[PDB]
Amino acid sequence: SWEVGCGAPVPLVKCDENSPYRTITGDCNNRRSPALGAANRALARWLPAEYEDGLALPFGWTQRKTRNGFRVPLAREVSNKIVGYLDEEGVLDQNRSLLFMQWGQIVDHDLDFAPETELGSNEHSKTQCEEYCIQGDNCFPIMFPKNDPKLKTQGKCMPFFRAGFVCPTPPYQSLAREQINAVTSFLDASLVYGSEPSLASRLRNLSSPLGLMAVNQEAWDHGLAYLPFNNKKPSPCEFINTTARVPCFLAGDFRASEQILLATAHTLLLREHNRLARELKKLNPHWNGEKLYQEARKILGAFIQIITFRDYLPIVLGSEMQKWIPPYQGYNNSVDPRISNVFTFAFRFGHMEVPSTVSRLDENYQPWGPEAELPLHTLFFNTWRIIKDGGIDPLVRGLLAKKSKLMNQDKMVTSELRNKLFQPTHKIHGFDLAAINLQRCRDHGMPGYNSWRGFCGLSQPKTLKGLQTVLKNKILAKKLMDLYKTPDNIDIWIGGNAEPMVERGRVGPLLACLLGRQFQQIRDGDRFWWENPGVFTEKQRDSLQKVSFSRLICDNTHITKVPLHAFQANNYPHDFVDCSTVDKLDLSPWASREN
């Protein structure tokens, strides 16, 4: 009765009964529907796609084609009028460390990646899009409004290329266009290990049966590993400093070097795998390389799950946590674990938590050198500042001692991302992540703000006064009505992020609902969830309960003082204790077995 078949790329693998570990692809997690949550398949649709032609063309593609009787505003004009601000004074979150932002980006990279269409190779398509700003097939350029300064300094557009879609990637089909999730839907440390067998093997050290991940052979951090380099050319990390010539890192996720603190967090996770593999080898000398790798991978997946659900989500969702994510009751094989298309926009709330600067701090939590503090835009695809300017410890100290940006209806996205974003192959620090998010909402066929309010059982404002009430902000509602003309047309990214945050949380009610529903699904629909009986033993679960980001730092850096609650705002020295007082992960329950 349905077109359920379509999975034409079809990374098809048969499933082995009673297999002890996760697949790299996420296949075989659900026994009845083994592709559920596997990588390189369609993002789930919680609601039907909304395209100007019903099938594939974004709203805004055809100038004369209205949405609900009104032209959709230019993404860059919404960015300029609503999202932008000048003054960074007073914008920081007084109760969230910068690790709060950074953990969000890490979790996001574990869960979803909808990359730009490949569209063949060695052609004049990408250059054409960038050079002449001509909309066509996959070229969906972000056009500058008449009063945009970038129209004066940067040409007529910011190049933008439509996301990849499942069955054919160049041609189309009879159903609506469905974008791809290139990573595993499960919270499974796919950002460390990869979501594809080829990358997963490339990341491993298969020279020794020690179960290790490959490490950098060119540079070391006071005896501790860096990720290997990606020696693919051209390299955006080389591009931004051709004197230093330091390549990007190779990780489980394609995007690991996008900014210096994401590369930092990736480095901690790689180190933690190798520490666990060494410690398991000492405990279990007869375990082979495959077994050591899998058991360390399983522990690192559980770490990521526990930090996320115990420490992170409660301070994102605040009062809505118990509504959307009740205490775990067990694996439910009827739950759809696939990441939804809308979730990939909902989780971009993080863009409003990114502050304008990154600091390096020394062994006394004092400024590291004469340029301790640097503008964020100079740190896009920046790996040389790690290798050649103190390794990761000074950056990790900044992650603990400095703050996230607080979402603000009058100060949404810092100009470091809104005007100075660097994109690989596009040469300039001149892109706008907010405009890109809005253009991508349309590229993906997103239903508008009121469709999602209805989905979440919330009021659907129809008038300026109704929107002013929901947003608790007259001027913001007025600016959104002036541009969108009806709240039905407001793009979900800006509408969800415009709502005032729930008590004890950092998102409003619409985003709490969309995020909370997704995180409930990826937990309840995961046969390898850490708390599911038989994944770990009772004694292993008791040991895992004691994981902390503070212990991760103590174990995989030379930092000797850390806070106990690393996601809150912490000040040195008052909130910092000796590493020796921080709980350890007791691996004794991983003994092959005893009597």
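Residue numbers count along the first chain shown, from 1. Only the largest set of C-alpha atoms that superpose within 1.5 Å between the two forms is called the rigid core. Shifts are known only where both forms have a C-alpha. What changes on going to the form deposited in another entry:
Only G120, out of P285, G330, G223, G120, shows a C-alpha shift of 2 Å or more between the two forms on alignment of the rigid core. After superposition on the rigid core, the Cα of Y172 moves by 2 Å or more between the two forms. Comparing the forms between the two forms, the C-alpha position of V10 differs by 2 angstroms or more, with the core used for superposition. Where the rigid core is used as the reference frame, consecutive stretches of 3+ residues with C-alpha displacements of 2 Å or more between the two forms occur at 1 to 12, 119 to 123, 167 to 173, 593 to 595.
Would you mind giving the form deposited in another entry, to go alongside the form deposited in one PDB entry above?
Partners and other molecules have been left off, which leaves just the chain.
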């Protein structure tokens, strides 16, 4: 029976089973099935994988082979015709701060990561893909359609490498290709701590018995910590400004430096871990480093769980929140905690919530110097603008005082992401996230729009008129039909995001159902869910109920004025209160007296 079992390293351990702490890897959470939700395993399949050849070849591989008797449109064609827009005026979400966008990416990165196949480490395979646009093996290039401006300027294609599967060879006992989740399916702050023991240890301060995470020794933010530098070379962050030569940050997550506001959030969380560890050292001076690390790690985890379920999901799911995530009825070990392949595409709704600029604000929330507002694309893999240009406080103020972009059927993804994306492997602000998203859908063997509509119990539009009624939009339906010919072939990422938003929410019905069910499962199937009896004391839970992102900022920056509800659109000064008004995390319930 050939077992194409290769993917990546699965550390292997015997489960403690009576540890009050999560493993780094996510192993041992489910006692009956200790690998369930652990990193470096196949994403769960809610529907069977759909491949050109039933095994591995994505739809669009063989220019000839159809999907239900239709050619699939070029990913860049779909992007150009549907996803692009010119006018950034009027596009901002009037009731979501920029923090709404940024928290989404944080939650996402905690939950799932499907890394591109390596093998191209000091490689000519890279060259044959980038330089020659040659399809084969893991090179699945994004070809430019006719009349594409990038044809005139960049070449024939954007290079694209297929997601890591149960790893580099394609021959088995005949099974469909399954993409790997490199991070823990649990909402467990894995993007801070790592999902791999070796990295998790390297991130820690083992020089002192104080359970701290390692902090940068070369640079400080007016006394406050930065992440360490990643000193792996070559550095994409060094490359975007070779004068400054400021490398990417080293974090529990490989993607931490992808853009400056994600770098910022990673900084906030690390600071909070050290603050937590110092407070617990005061309360319990007998606690050793391991105990301090795990107990701070455990609080920070529940903090992420609480902000996500109390503050974030309701303003994503709106009317559908209670349908998919009713009140918690305790841990259910029969619930699958693993993130689904399809969820990794559903949650990419965030790409339509990213605006075209980022602002640095001063202490009166006014523009910070002459270059306050920057084009998004200049901030991809940009750490020098933090280290060499004001630290994180100006960007945090921007997160509070500026707005997420609203998803718009006529204005889906900003050109900053749709034309000017920088990839860490490559040299150009020339990539298309929307085209990459659609290519990746096919790479991952995604069933089509109507397959998922069916999965979610929703009508399956079969005609122009049907799609016009689902989408409440005649031109979008038409452009969609001209490209895809049947709604059956519409790739899940554009399909789900095309649908108008549910009442009081920021996604359509299909996405709500998909995200709703996934978030129900990561709660109910998590043995270390913060509300699971025995994980915290009743009193520790009473303390935890009072956490807010506003407090996190108050406690880990020199910002003294914050809004009470950090996710809604807030203007300074009317919506901003002094930090002394904000509920604190009372840690007195973590005091441990042997007497």
